[PDB]
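Colleague: Next come the chains, spelled out residue by residue.
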Amino acid sequence: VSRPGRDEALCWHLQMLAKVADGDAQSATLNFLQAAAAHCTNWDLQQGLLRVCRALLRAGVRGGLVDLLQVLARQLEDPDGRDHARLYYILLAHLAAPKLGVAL
Amino acid sequence: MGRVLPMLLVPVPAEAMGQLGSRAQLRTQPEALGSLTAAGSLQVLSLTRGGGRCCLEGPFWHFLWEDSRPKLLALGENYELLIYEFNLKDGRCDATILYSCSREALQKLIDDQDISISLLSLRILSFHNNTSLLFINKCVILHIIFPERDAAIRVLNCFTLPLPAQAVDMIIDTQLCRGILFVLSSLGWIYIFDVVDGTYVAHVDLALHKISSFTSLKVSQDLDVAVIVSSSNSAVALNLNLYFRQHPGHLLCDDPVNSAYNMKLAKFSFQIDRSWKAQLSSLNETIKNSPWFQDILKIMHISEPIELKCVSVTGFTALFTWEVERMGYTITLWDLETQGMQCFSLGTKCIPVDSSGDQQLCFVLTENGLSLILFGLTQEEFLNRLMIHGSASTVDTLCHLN
Amino acid sequence: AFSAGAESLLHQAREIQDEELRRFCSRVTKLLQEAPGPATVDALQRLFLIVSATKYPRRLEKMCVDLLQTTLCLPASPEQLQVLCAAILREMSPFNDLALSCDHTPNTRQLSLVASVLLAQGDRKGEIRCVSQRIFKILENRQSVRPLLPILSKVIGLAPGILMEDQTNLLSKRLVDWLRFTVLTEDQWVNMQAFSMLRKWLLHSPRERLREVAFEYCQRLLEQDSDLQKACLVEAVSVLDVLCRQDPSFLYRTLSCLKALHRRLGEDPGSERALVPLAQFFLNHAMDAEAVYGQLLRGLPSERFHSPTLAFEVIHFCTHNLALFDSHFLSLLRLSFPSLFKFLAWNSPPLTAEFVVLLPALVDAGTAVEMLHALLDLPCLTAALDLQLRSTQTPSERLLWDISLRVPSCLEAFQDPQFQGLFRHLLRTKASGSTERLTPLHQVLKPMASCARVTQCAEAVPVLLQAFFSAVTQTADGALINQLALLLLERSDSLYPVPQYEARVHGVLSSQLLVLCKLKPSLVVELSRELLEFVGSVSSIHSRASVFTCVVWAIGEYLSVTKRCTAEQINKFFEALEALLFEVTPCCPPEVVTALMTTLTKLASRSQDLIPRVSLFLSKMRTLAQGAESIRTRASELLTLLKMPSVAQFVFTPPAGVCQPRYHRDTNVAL
Amino acid sequence: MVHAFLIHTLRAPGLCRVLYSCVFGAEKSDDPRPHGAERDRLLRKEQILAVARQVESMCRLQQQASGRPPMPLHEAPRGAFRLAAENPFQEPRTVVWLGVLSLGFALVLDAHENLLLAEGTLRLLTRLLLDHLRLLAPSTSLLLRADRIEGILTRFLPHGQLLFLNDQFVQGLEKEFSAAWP
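Residue numbers (the deposited numbering), protein chains in the order written: chain B, 528 to 631; chain D, 22 to 69, 73 to 93, 102 to 242, 256 to 298, 316 to 352, 361 to 367, 414 to 419, 423 to 521; chain A, 2 to 144, 149 to 185, 223 to 226, 233 to 253, 289 to 307, 317 to 377, 382 to 658, 661 to 683, 692 to 732, 744 to 788; chain C, 1 to 13, 19 to 34, 36 to 77, 89 to 199.
Rather than coming from a laboratory, the hints here were simulated on the basis of the structure. Among these hints, one or two may not hold up.
List of simulated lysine-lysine pairs, BS3-like, C-alpha gap at most 25 Å [said to hold, decoys possible]:
1. A:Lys-178 <-> A:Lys-248
2. A:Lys-248 <-> C:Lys-33
3. A:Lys-56 <-> D:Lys-326
Cβ-Cβ distance ranges computed for the label pairs, FRET-style [claimed, not checked]:
4. A:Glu-746 <-> B:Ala-624: 24 to 30 Å
5. A:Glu-532 <-> D:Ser-343: 30 to 36 Å
6. D:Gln-291 <-> A:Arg-130: 31 to 37 Å
7. A:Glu-626 <-> C:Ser-119: 55 to 61 Å
If you want a taste of the chain A side facing chain B, the calculated C-beta under 8 Å gives, among others [stated by the list, open to error]:
8. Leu-610
9. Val-611
10. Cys-646
11. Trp-649
12. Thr-700
13. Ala-701
14. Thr-704
15. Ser-747
16. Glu-754
17. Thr-757
18. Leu-758
19. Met-761
20. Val-775
21. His-781
22. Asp-783
A virtual CB, placed ideally from N, CA and C, is assigned to each residue, including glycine.
Build the full structure now, drawing on both the sequences and the hints.
Modeller: See below:
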């Protein structure tokens, strides 16, 4: 998340981002992901990105993600990634903490 | 279609409502509900069973619970400020007095800052992390601090208002919103100062937005939208970024070689890499695509509310409180982005309880007790969302309680 | 040309050391005050090179600057040195230390040099007014005036009114007396300057005699000796149009002049460029929709599409007066778009950044269903025009074409009667009814579909497509929506195989069919048969590996229970999806598998029985799975999240406001 | 109008750096920062350099996609273009070119100037520069001898204005300039 997010290695960054994202450092991760949203044109990065969002889902972060997931769902390229984000945003916004681990 | 969604997550009999005051404020957690009686007694109805009442007697006319977004701090008639702690353990409405401040000590602390003004009036502004901001004499924004180990109240900052005494004594509201201390003068100006440094970081021309007597103004928690409610039951909300830019006069806040010169030639600025392959991307982008606080680091008229104090204002919504004896309480909700309003009329035995926290849904104390008023949520939809969130026990409880 | 010695000289001029610069300034001091001989020029040339080739400022020692200024003020200097110093002071500008003056040299040519020195400053110190006033005062005496007239013209170019009304009328009478021979003595010498800036003078700013002689001199530049004749016809027409603008009665006169010229201007090859100003004059004051405008829109581009400057003139006239377009003109420009596409085929680089503005300015109601195909067959248009050149040209002049690639197969196929009508539709001057698929002609033009010009035209189709859709995505109804959907479903894998062409038309068409579906959710519902056949075919995923994802996602999401829908349509679509998933599991990519899982599991949670079908088959597919990881994981969102029916019933059919960032914070306010 | 006359290099199918960039005027210029010299000079330089790059692109693309003797009066590549406001001009202008060998001379002319005259004049000027100066080997005669170019334009192209010179008037100007230098 140190880089602004204009690299060509984004398809390699998002994999670690998904494999590590949690509820410790929120705002920096959200800013980096927001910047990277514009640099996703192929389905692979558009699935690594929602892998990151799903990792946040599982972590349990609530606020602001109602906008990060929203912006990802509203401003991606492939329809499948956008629907993925819509489903995961709904899951985080409408579930209690345990039921998400039991019904997601 | 904005009638009600009037739920109730805890009951309270009218026996105590016949003893409580006309206005009240609730902690974010269910810690208390303290209300001000006209006799000067501070009644606290613990809505954390049965709910007995606690009484705090004195010449108190101003107080505010610890809004950590209950530790009640109040100032008497003699400008003596006190802090008393109420503990809601197992329903025992027991209170104790912890910290007291005398008028002589307050005048001494005011004078020690080389302020040759006698304390004539102290109005509160905030109470957070045991640190209180007070607009002393309506002119000196003295940021007190009541620290641990019974340390004396010493002003960690005291900046006189960078304004003449003509308008310094006409201040009304002292609102702290993430450090951008705003002091409203009744003549129609808001001198946004910074509590960190004291600078007149900006200034807002409420007059240029075109009545008078701005009673109170509400700041969004992101310093994004501000709505000022005058004494004439009129509220106007305009965007800080737009209201500072659209009237900026009042705001006091080969490859490279040509490209960096475009960064310093500032009469204009090229957009230079002038091929005939990257000049199509410009056309594609044009076809496809076709704040203020950064530097400082319609109208509501219900055709007369007594105290039109909006409970809280968010980025896209605004919730207000209005109470009338003739018909009851009228609760209003305004959508900042959608410009819609939902006003509901309630019974004549009900008063607001300012949830000094994060849940900005009008928690009105009704005859049966606690009542969280929402908009647009059907009982089936609400219970279904609870079930899609948890077990059926919660749905059963919320359906049975009414 | 380009010698390494020249590059070395430029690099030395750019990177001359500061101490070396001071030494050179001292040499200039000791060499200019001395007897200035050939050493003077041999040093001034190097000074000019070292000052000119440096973008960043070079404020050298003052003494050199005052020496240059005084030399300009020193009349004994020769013409060469005076000109070089004038260049020195007209390139080093703008400086706030303008020690120069506007009345420092009596010589008229030196006065021109001083003006060139002064005008290159700017209005930072009120300079232009001072230079204009000084020039007027210096011209107030007897003048000559011919040498200094260009300074006047440039001043009015940069300053439109500072020439006072008295001074303006003085200039007017001077020019009128200076009008008078023709191209086809001192008097004619000033006549040349009078003609050389007439249009700018009229735009920025005896009179009976003016109408007698000089007013007709505009056409006398042409009417009243071959290349200059062409260069002067355009000036004459432009001056006539300027007279129309400044005088409404002159519009009819210029129109009559153009009508009289139409005897030859419409029949003289090599003179076609003079009609573009005539077309502009007709638009601002409409020409013959059949003959004149007809040739301008569709006649010229089918015969002279190989002139890269004529095409710029035509399309720039088209995009510079689109604001003042009329209904009949709109219909005309909307009629001949396949022919206007010839220029984009042949002269794309200077005309595409111009079609991007033009295309949303001729959109009609039903032409889109054919206009998409016209855009689709553009590289083949270029190839067909190339064959047209190869088979009609005398070998003597043939340099104005391309006959330098694989001829024989395509030329033989030109005379092959199998393709005598389709080419007459691709190369058409009009489109009044849709034609057949260009697959046969695509197989014909394999050898040439990789030309340089065809590859040029192939890169201007995506952006034009985006412009056209963005002009129609906001201007569409039901019939248009369905027609466009069918158009894309057809043209998915029916394109001319020009390299890196289908990979862009695919992207635009698919990602904008998405836009149509989001404009109207019922597209999948009304399109049961075509989409069902498409998904049921493996070949669709085996040849359209990046559009199949879109249709399967749309079908999976837009089978919404919440008046033309029927409960059995979900089952029929599920049958198609089940067959496709069984058969499938450029072939289907790791995206089609996940989208297929998503569509199946999210389409079987709207059917009561199909949940057990999922538990039997989609659970089986998960277990076998238990871009492959995404395929395995995706289905959970409507297997585990659709096992429970109450929550799953509503999420997959959400309301209209889950997108805007504040529409739900009150929906958890019911406790 | 003519904003500028150019001589710049043209690459073959190394940045295109103008060998001779004569700007025939100025532009109105106000920033709150006091009116400087770095800013105005850098602006009036980068504009011309951008025009040079655009003409290089046009010429190269014309060369590949013409087929006309790939790699002579009417046999040299020719064309026209239009610029973009704020990238980097204020008033938009047409650009006219005519490239010979590897010396593409350009003209930045206002939309109220004759195109055919611009092309004819640029042709005559580039003939005059190829012959009078004769840099078809000693290219240093174009940078260290910029005074010859200065003389030629100052004679034929007075103050950013094009003239309808004919045989008699070209004879007059030939009588004017021919002996002024050895």
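Colleague: List, from low to high, the hint numbers that the structure doesn't satisfy.
Modeller: Those not satisfied are hints 9, 22.
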